[PDB]
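Trainee: The primary structure of each chain is shown beneath.
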Amino acid sequence: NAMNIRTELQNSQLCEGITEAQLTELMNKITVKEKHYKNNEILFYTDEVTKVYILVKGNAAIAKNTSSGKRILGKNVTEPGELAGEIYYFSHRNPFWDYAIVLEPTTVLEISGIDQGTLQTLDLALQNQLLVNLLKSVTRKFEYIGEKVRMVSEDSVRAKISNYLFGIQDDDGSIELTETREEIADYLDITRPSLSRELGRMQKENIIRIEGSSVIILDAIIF
Amino acid sequence: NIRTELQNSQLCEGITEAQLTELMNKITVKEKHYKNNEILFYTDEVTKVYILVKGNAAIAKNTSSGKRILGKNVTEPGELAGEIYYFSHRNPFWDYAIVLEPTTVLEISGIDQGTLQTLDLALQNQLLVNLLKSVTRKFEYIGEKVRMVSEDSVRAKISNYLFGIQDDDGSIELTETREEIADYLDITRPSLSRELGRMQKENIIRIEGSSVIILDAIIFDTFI
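For the protein sequence lines, the chains are B and V, in the order given. Position one of the first sequence corresponds to residue 4 (the numbering used here), numbered consecutively onward. Position one of the second sequence corresponds to residue 461 (the numbering used here), numbered consecutively onward.
Calculated directly from the structure, the hints in this document are not laboratory data.
Computed cross-link-like contacts, DSSO-like style, restricted to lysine-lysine with a CA-CA straight-line distance of at most 30 Å: (1) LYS144/B - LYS527/V; (2) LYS144/B - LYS593/V; (3) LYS605/V - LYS144/B; (4) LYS508/V - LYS139/B; (5) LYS139/B - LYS532/V; (6) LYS139/B - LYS60/B; (7) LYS514/V - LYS486/V; (8) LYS532/V - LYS151/B.
Please model the entire structure based on the sequences and the hints provided.
Mentor: Given below as structure tokens:
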């Protein structure tokens, strides 16, 4: 109901240190809609951030697509009440990232009208408090530049690789590869970087050994 | 002299002559010069904010391999430096700000939460707006992601390949030959081996047969 959206904003980072009265004045000047997003949906694009997003429940990570890479993930946002992508709402030029994607069932809040023009008709002490909350929120996001980046995993692949090698397996238990890496990736319906990654683990833990065009099975018990 | 430089700074532009006098009577504005290759401030003991009169400053980070990664050089007169560390900032990615040419600054002393709390509420708002703008327009090259090479350079083509086959613990295991990698990255085999050698001198990586160890994980991610 209308009271539910109010309490979610009072507990957010944007409204810390404000009273119950200052909250009523602000909501008479902004539009707050509760929208839900499913897995792998796009929350916003860094080039077109038209509203301020507040996280209620879920997981939202900023992302990017390399030319041949599937998707790289920056630091995600999981804490309720934390603003997401509010920096691109004020200034954007050539952002390294392209969009923020959702990873699980997620609910957010869209704040419309957060701009100097609308905020001018507010209490002086209220404006000072909101600018501090925004400054505090933008301040903490400068620590994200040193976060280790990853890719998108492909669930079961070690079984799909072993099944391919079980087919191409000769009667003597040996394997001679006759297809390229890009061909094997398309047949397994996976990406080439993820195909060569699991082969690295299987060589690390000493299960297989790829010598030229031969795949020597060192341990078929797990296989 | 200090008045006309503080008047045209990005922190005050938008403030009347009366509001400007009220600010200076509460904060100290020193003018001290810095020599070439001198530390302006360390990110752990930032207490004063700086206004660039004329020079060249750039935040830096010392990597384990010995190289010093530099951000965007603050060279426009009247631009703010160190405003990112007005709050505590917890563990800062960047380490220090170093001058690269003879530089004149304005060491504004006494700017913090409590001191601003003793000013006009309409004057505080104008500072928080100019501060929010100054902070936001530098997030693109200081806060978002630092990149050294381009998407087409040979050094990034290999770094993106080595990253795509990197385990969750950081280990890398090669299952392809020097030829196959050069065809995948669309580069000549000598060009590929040159860059792998350049990345070996600089102690970025070390190729021990089929295993490549990322010796310095900080300058490596700057190629992704």
